[PDB]
Amino acid sequence: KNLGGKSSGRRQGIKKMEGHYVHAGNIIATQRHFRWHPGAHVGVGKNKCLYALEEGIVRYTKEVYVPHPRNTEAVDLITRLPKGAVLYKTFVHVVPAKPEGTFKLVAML
Amino acid sequence: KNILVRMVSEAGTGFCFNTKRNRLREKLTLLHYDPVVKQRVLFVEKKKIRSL
Amino acid sequence: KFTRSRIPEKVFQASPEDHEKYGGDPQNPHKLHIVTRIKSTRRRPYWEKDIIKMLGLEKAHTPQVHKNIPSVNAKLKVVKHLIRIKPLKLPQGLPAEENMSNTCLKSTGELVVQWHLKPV
Amino acid sequence: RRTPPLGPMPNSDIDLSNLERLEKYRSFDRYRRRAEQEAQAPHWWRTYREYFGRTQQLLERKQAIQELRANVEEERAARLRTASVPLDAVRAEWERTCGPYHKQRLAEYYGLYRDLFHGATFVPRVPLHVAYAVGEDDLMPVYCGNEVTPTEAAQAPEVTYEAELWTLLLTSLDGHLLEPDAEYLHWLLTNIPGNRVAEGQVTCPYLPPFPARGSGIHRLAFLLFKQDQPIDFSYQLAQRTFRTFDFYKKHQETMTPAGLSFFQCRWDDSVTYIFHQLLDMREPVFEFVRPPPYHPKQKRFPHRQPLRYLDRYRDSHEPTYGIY
Amino acid sequence: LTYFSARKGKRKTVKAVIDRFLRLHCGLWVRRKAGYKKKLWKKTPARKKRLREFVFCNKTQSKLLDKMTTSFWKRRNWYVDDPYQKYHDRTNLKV
Amino acid sequence: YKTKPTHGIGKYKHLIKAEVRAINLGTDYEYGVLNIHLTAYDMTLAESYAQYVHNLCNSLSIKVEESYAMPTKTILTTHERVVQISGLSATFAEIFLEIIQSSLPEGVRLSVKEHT
RNA sequence: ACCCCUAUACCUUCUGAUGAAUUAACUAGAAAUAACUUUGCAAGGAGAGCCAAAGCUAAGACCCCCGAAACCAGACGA
RNA sequence: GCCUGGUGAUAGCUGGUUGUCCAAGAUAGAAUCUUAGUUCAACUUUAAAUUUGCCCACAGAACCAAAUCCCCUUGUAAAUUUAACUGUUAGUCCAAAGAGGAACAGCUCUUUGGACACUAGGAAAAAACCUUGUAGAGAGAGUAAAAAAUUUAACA
RNA sequence: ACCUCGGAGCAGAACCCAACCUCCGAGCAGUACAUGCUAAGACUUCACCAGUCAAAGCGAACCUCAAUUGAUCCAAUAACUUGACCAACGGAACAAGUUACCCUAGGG
Ligand SMILES: [Mg+2]
Ligand SMILES: [Mg+2]
Ligand SMILES: [Mg+2]
Ligand SMILES: [Mg+2]
Ligand SMILES: [Mg+2]
Ligand SMILES: [Mg+2]
Ligand SMILES: [Mg+2]
Ligand SMILES: [Mg+2]
Ligand SMILES: [Mg+2]
Ligand SMILES: [Mg+2]
Ligand SMILES: [Mg+2]
Ligand SMILES: [Mg+2]
Ligand SMILES: [Mg+2]
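Going down the list, the protein sequences come from chains A, B, C, D, E and F. full-length UniProt numbering numbers the first residue of the first sequence as 40 and each following residue consecutively. full-length UniProt numbering numbers the first residue of the second sequence as 14 and each following residue consecutively. full-length UniProt numbering numbers the first residue of the third sequence as 35 and each following residue consecutively. Under full-length UniProt numbering, read the fourth sequence as residues 27 to 79, 99 to 209, 213 to 282, 291 to 380, first letter to last. full-length UniProt numbering numbers the first residue of the fifth sequence as 94 and each following residue consecutively. Under full-length UniProt numbering, read the sixth sequence as residues 48 to 66, 77 to 132, 150 to 190, first letter to last.
Don't take every hint at face value.
Think about it this way: if two alpha-carbon atoms lie no more than 25 angstroms apart in a straight line, the pair counts; the simulated PhoX-like pairs of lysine-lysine are [claimed, not checked]:
1) B:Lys33 with E:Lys130
2) A:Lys85 with E:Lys108
3) F:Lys51 with A:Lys55
4) A:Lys101 with F:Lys51
5) C:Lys35 with C:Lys111
6) E:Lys132 with A:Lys85
7) D:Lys355 with E:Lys179
8) E:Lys131 with B:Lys60
9) C:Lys120 with C:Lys109
10) C:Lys120 with C:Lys140
11) E:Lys131 with B:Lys14
12) F:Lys60 with A:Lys101
13) F:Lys51 with C:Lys111
14) D:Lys353 with E:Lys131
15) A:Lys54 with F:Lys51
16) A:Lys54 with A:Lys128
17) B:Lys60 with E:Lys135
18) A:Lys128 with A:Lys101
19) A:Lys54 with D:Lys355
20) F:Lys49 with A:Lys101
21) F:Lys58 with A:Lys128
22) C:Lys140 with C:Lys65
23) F:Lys60 with D:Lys50
24) A:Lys128 with F:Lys64
25) B:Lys40 with B:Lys60
26) C:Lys83 with C:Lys111
27) F:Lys49 with C:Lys35
28) F:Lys58 with D:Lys50
29) E:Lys142 with A:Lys85
30) E:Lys141 with B:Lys60
31) B:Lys59 with E:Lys135
32) E:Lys135 with B:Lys14
33) F:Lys51 with C:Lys44
34) C:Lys83 with C:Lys35
35) C:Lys73 with C:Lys111
36) D:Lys355 with E:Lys156
37) F:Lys64 with A:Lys122
Quick caveat, the hints were computed from the structure, so don't treat them as lab data.
Hey, can you work out the whole structure from these sequences and the hints?
See the structure below:
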């Protein structure tokens, strides 16, 4: 009497591991709950998927988690902590490769 | 419980768009956006399309 | 499940007992290995079959020279159960262009650069 | 397969058996404070920072503020929050006391030390004051990092500073057209007696700033040097070019820097006048050119792409006709 | 399909294929997306923007559609004010 | 990641306790849950004194479970406030009770009664 | 010659029962859209029609044998 | 009924498919009135164009075991793309991790890896265990795997 | 008893992984009416079909939930749009029981 459960794998996880060159708009990793958070130059979709906002190299770090004050779930999770207790998460960053443009000589007026 | 109705623009006319609204509440008037006037304009609902 | 096997590093750390057993010096080690396939790649996983093809040991009982560098040592650590390793020792020098043709690698592990066929 | 942590893990020392006996962050703000402190600490894992990075004074000050809070109108005005502050006294006393460290911050933020002296930091002790004449009525002051037009800086400025020799220097850290390293100076007055400027040996006379059109926004350095022993020194832009580092290296024995004031310039019509009139060359015009957009390698069968895909890879928007 | 007709002994086109697809002269078949005019009330505007697109076909879909039409449909067409005419020749491929 | 040295850097549920008799075993002795009833003919002195008790207890690191009030009675009206306390020491029983004794304003009585 | 030693008939169907006494004769891969190879000519090719943004023309090279119960029409039969 | 015709009916089913010699070549799946079948994919094959492929080191991949991904060096020689098509798939057993069953089955269902549907030697015979692979002749030689070991009970 | 979709275990750490295996669920509701238009770059349920994410831009302000669903043709409509418990859920436009009289082609 166990019907259902025939759903397939979502094929989620990391698409660009650390060190990988990444162009703008590449999906870095799709998750189902926030396993990785967006860091520098990384955006988030409605599906909690991390994509890239610049061209560069993906890096994963461990950072202090300080949520938005209007996020009453995580903020209520803060205030229960003891006085030294600091939350960390793993973040994903894109270190941007190129300069965003050069000055070039155009005309000798 | 809900109804899919069409919403006809009052100006820049011939423009419709569909919405959901309850069976029991009143006839919708909205401020949608006409891309023909390219403004926000009152729409009035004219016909229920399908009772979803 | 049968998987690829990591081997810990304590396995590849010699003891002075072993320096008494085999003929090695931890200071000034040897440059070149002689590797020989002495076991089949049949009934072995496909990764070991590949490493045997990379090291150039498709034919058994045929010696091959390698460098004693950590990359080649990593490949050798994968297939160390199929091969035999001895140091290439060189009693005289490495062969010059004069002695290039007249060499012979002996069984001992040494490579002699003058190979007559006369008795001493 | 666990490998043990390299240094201490976070949330280790506070991890006790009795959490309910431990007093907690009652707030959001305290966690933000502690959290920022832990952000600034050096760690052993990979972090964002790796990749993207006397007694009489206290006596007179205590009696001074103690006399300040004693007046009834100060308390009554402050509790009715209609009390204010004279900005001028704060300005001049700021010029006196802790201004030099702040001008040091502004010179470090604007990269005057990494470029002007290869990182040799110093402190501008002298509260220098430079201003350009804006007609006859008013005059545009130069503070550290201001914007001043080259029309305002057409004529050499009035320099006043309270001190007792001196060598004053102006440079343009970025305005060099040919070399990406050197900089054109604008005027270098030396051996200056006291605090009058006119009696200085005008070695290199005054040019206005000339930033080229579209070449962005320029910074212009007023150095002011404590001189000990008066030394002799020494419109062609091959002659206005030098570097302040190895200039100062020749003369650092009996001269130390004592004053900064630097400012920004952009293009203006006066710079048309500078290039054409007195430099006698055509003006260079620059444009900020962004890199071309990445598109992947074009496929034979661009499966499921829209029809726009063929336009990413073409270069003419006109009907080509081929062999016909 | 019919490989040899009974009257002419020629190949025949499948007219479903012509009725749904567009052969560009370079070999690309353009199609419309399935369900682009169904149940639009329950689709997000991103999805509706995706369905109102002219989508190219696969390689094997392309070869399947080539085999199901004839050489009349594979031919240069110099129409007057053709909307798709700038998409026939293939610009700037590096294979 | 499970094999890296920074494994479990992000865990936090051991830092929140997301969840009665007295404990007097052999050496470490403590009262169970208590009740402190405050009855007065004044809302003001009972509420305010309950504040002073409650701020003492927070200022001396005591678990204060509740600080509710009981309904009044038709008599004049008698008001009650119940400020629960759990866990004291031998010395801290004496030192804690002597201040509540020595801080009563006017005619408001006490209770060190326990639960049920 | 045998004795010695070695040696689990063939086809087919399954991951690893079928059919055949034997001989002779008979008995089972049919299509050139597109691609490829080779020529011709070449911004044109083709002996009208057709194709052509190096193409077009020509050739070469690819698609089995036997076997039901049935259904229908018309006859012949007590 | 039987005969002739339609009729070379139709058959996803059974059976059969004829010279030589060489080469390359075996186990993911998804849909389906579908599980005796097809279509797409995966794998396979040829031709072509190009440039990397494989092995991999630090670093790196989450909160609520064995390992893998990623990956420069290095060791090697392949890979991807373009063109054109066929064929194959309930695999079996062994080792390992498991599920169902009786911690039965030469039982059923997944995963990782071997081997077998490719050779030879051994294990009694012997698909799947061990040794071993690339092809010929030799009345040469060195080897690999490779032979089951056990025998007991006095008592103050 | 089931047939489609989702979550968890099996399947401990990238992805994938079966069973008439073990347990939960779904076939909506609510809010908004810029839930406008366009468009680089990507992910993808092992094919296809479907699905997802999205910077910049123009125009304006100053969506939650996991699943929450259905192709083509055809209809209806001036148009925009709408149409299945087609749930056997890749869906034939509409077809039940039974044969120890069964029959044929095969398999065990
Ligand atoms: Mg599942
Ligand atoms: Mg599945
Ligand atoms: Mg035969
Ligand atoms: Mg008769
Ligand atoms: Mg037949
Ligand atoms: Mg059939
Ligand atoms: Mg072969
Ligand atoms: Mg069907
Ligand atoms: Mg079938
Ligand atoms: Mg690489
Ligand atoms: Mg896929
Ligand atoms: Mg069905
Ligand atoms: Mg179905």
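The hints, checked one at a time:
1. Proposed proximity of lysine 33 of chain B and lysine 130 of chain E is supported: the alpha carbons are some 19 angstroms apart, at most 25 angstroms.
2. For the suggested pair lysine 85 of chain A and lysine 108 of chain E, the alpha carbons sit about 42 angstroms apart, so the restraint of at most 25 angstroms is broken.
3. Restraint check for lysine 51 of chain F and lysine 55 of chain A: the C-alpha separation of about 19 angstroms stays at or below 25 angstroms, so the hint holds.
4. Proximity of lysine 101 of chain A to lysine 51 of chain F is assessed by CA-CA distance (about 12 angstroms); at most 25 angstroms being required, the pair is judged to hold.
5. Our distance criterion of 25 angstroms between C-alpha atoms is met by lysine 35 of chain C and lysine 111 of chain C, whose separation comes to about 21 angstroms.
6. Pair hint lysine 132 of chain E plus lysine 85 of chain A holds up; C-alpha atoms about 22 angstroms apart against a cutoff of 25 angstroms.
7. Pair hint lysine 355 of chain D plus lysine 179 of chain E holds up; C-alpha atoms about 18 angstroms apart against a cutoff of 25 angstroms.
8. Annotation: proposed proximity of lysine 131 of chain E to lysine 60 of chain B holds, straight-line Cα distance about 19 angstroms (limit 25 angstroms).
9. Taking the CA atoms of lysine 120 of chain C and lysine 109 of chain C, the gap is near 16 angstroms; set against the 25 angstroms cutoff, the hint holds.
10. With a C-alpha separation of about 12 angstroms, the suggested pairing of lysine 120 of chain C with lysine 140 of chain C holds against the 25 angstroms cut-off.
11. Pair hint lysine 131 of chain E plus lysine 14 of chain B holds up; C-alpha atoms about 22 angstroms apart against a cutoff of 25 angstroms.
12. A C-alpha spacing of about 18 angstroms is found between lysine 60 of chain F and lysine 101 of chain A, which places the hinted pair at or below 25 angstroms, so the restraint holds.
13. Our distance criterion of 25 angstroms between C-alpha atoms is met by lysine 51 of chain F and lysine 111 of chain C, whose separation comes to about 24 angstroms.
14. About 34 angstroms separates the Cα atoms of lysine 353 of chain D and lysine 131 of chain E, which puts this hinted pair outside 25 angstroms; it is violated.
15. Taking the CA atoms of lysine 54 of chain A and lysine 51 of chain F, the gap is about 20 angstroms. The hint holds against a cut of 25 angstroms.
16. The suggested pairing of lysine 54 of chain A with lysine 128 of chain A holds, with an alpha-carbon distance near 19 angstroms, which does not exceed 25 angstroms.
17. With a CA separation close to 18 angstroms, the supplied pair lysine 60 of chain B and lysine 135 of chain E stays within the 25 angstroms bound.
18. Of the pairs offered as hints, the one joining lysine 128 of chain A and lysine 101 of chain A holds, with about 6 angstroms between alpha carbons and a cut-off of 25 angstroms not exceeded.
19. With a C-alpha separation of about 22 angstroms, the suggested pairing of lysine 54 of chain A with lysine 355 of chain D holds against the 25 angstroms cut-off.
20. Distance hint between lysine 49 of chain F and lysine 101 of chain A is fulfilled; the C-alpha atoms sit about 14 angstroms from each other, no more than 25 angstroms.
21. Simply put, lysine 58 of chain F and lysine 128 of chain A have alpha-carbon atoms about 9 angstroms apart, close enough for the 25 angstroms limit, and the pair holds.
22. Distance restraint check for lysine 140 of chain C and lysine 65 of chain C: the Cα-Cα separation of roughly 18 angstroms lies within the 25 angstroms cut-off, and the hinted pair is therefore satisfied.
23. Restraint check: the Cα-Cα separation between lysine 60 of chain F and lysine 50 of chain D comes to about 15 angstroms, which is no more than 25 angstroms; the hinted pair holds.
24. A hinted pair counts as satisfied when its Cα atoms are at most 25 angstroms apart, and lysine 128 of chain A with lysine 64 of chain F qualifies at roughly 20 angstroms.
25. A C-alpha spacing of about 10 angstroms is found between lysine 40 of chain B and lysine 60 of chain B, which places the hinted pair at or below 25 angstroms, so the restraint holds.
26. For the proposed pair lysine 83 of chain C and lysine 111 of chain C, the alpha carbon gap of about 14 angstroms is at most 25 angstroms, so the pair holds.
27. Restraint check: the Cα-Cα separation between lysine 49 of chain F and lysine 35 of chain C comes to about 20 angstroms, which is no more than 25 angstroms; the hinted pair holds.
28. For a cut-off of 25 angstroms, the pair hint linking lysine 58 of chain F to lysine 50 of chain D stands: about 17 angstroms separates their Cα positions.
29. This hinted pair checks out: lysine 142 of chain E and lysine 85 of chain A have alpha carbons roughly 17 angstroms apart, not beyond 25 angstroms.
30. A threshold of 25 angstroms between alpha carbons decides the hint, and for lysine 141 of chain E with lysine 60 of chain B the separation of about 23 angstroms falls inside it, so the pair holds.
31. Between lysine 59 of chain B and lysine 135 of chain E the alpha-carbon distance is near 20 angstroms, which keeps this suggested pair within the 25 angstroms criterion.
32. Distance restraint check for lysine 135 of chain E and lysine 14 of chain B: the Cα-Cα separation of roughly 16 angstroms lies within the 25 angstroms cut-off, and the hinted pair is therefore satisfied.
33. The straight-line distance between the Cα atoms of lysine 51 of chain F and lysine 44 of chain C is roughly 20 angstroms, inside the 25 angstroms bound, and the hint therefore holds.
34. Between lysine 83 of chain C and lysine 35 of chain C, the direct Cα distance comes to roughly 19 angstroms. Compliance with the 25 angstroms bound is thereby established for this hinted pair.
35. Taking the CA atoms of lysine 73 of chain C and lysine 111 of chain C, the gap is near 15 angstroms; set against the 25 angstroms cutoff, the hint holds.
36. Of the supplied pair hints, the one linking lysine 355 of chain D and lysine 156 of chain E holds, its CA atoms being roughly 16 angstroms apart against a limit of 25 angstroms.
37. Proximity of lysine 64 of chain F to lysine 122 of chain A is assessed by CA-CA distance (about 14 angstroms); at most 25 angstroms being required, the pair is judged to hold.
Violated hints, listed in ascending order, are 2, 14; each of the other numbered hints is respected by the structure.
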